[PDB]
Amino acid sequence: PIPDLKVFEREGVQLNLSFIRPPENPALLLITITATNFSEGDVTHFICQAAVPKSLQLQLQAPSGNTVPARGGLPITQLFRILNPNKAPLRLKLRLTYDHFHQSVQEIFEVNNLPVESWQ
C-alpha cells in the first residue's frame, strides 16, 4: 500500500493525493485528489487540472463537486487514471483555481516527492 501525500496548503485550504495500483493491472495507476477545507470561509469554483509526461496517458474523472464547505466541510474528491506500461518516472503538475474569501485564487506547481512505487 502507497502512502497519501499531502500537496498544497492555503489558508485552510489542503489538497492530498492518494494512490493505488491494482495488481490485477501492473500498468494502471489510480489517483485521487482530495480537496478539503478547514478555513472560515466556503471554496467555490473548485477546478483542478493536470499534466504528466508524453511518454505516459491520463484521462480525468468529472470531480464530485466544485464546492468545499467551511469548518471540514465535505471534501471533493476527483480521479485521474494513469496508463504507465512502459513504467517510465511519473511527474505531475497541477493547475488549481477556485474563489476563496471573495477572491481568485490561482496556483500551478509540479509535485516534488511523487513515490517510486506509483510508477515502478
Second form
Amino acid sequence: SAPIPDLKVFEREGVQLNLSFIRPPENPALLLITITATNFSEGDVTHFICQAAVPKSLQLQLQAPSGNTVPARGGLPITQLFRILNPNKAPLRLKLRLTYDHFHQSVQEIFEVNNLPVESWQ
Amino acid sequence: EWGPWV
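Based on the form solved without the partner chain presented above, generate the structure block for the form solved in complex with the partner chain.
What follows is the whole complex; the chain from before opens it.
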C-alpha cells in the first residue's frame, strides 16, 4: 500500500482537524478516512460532534468517535473513522459539519473540504 | 446530488 499524505482541513483558535486516508489494496472500492481533532489552546473542547456528507453516488458510514472532549494544551485527541465505498471511482467530495463548545462559545462550522488527494478515490 | 448528513 502506497502512503497517502494527511490533509489538515480546519483550524480555529488552537483547535485543529486533520484527515488521514487509507485505501486497502484488498478492497479497491473502499476508502477509510480518520478525522483527528487536536487542541493546543488554553481551553478544553467539549461536546464535539462531527457529521459528514458525500455525493449520492458514494456510501458513507461513521464509526462512533473515541470521545467528545479534547483537553487543552495538547490533550488526548478525538479520532473518528469514516467508511466510504466508491466502486465507480466518482470524484470524492466531502463536506463536514462540526459543533463543539470552546471558551464557553458554541462553535458551529460547516465547509466543503478542498484539496482532497486524487489517490483517495481513483 | 449530496447524500444525507451522517
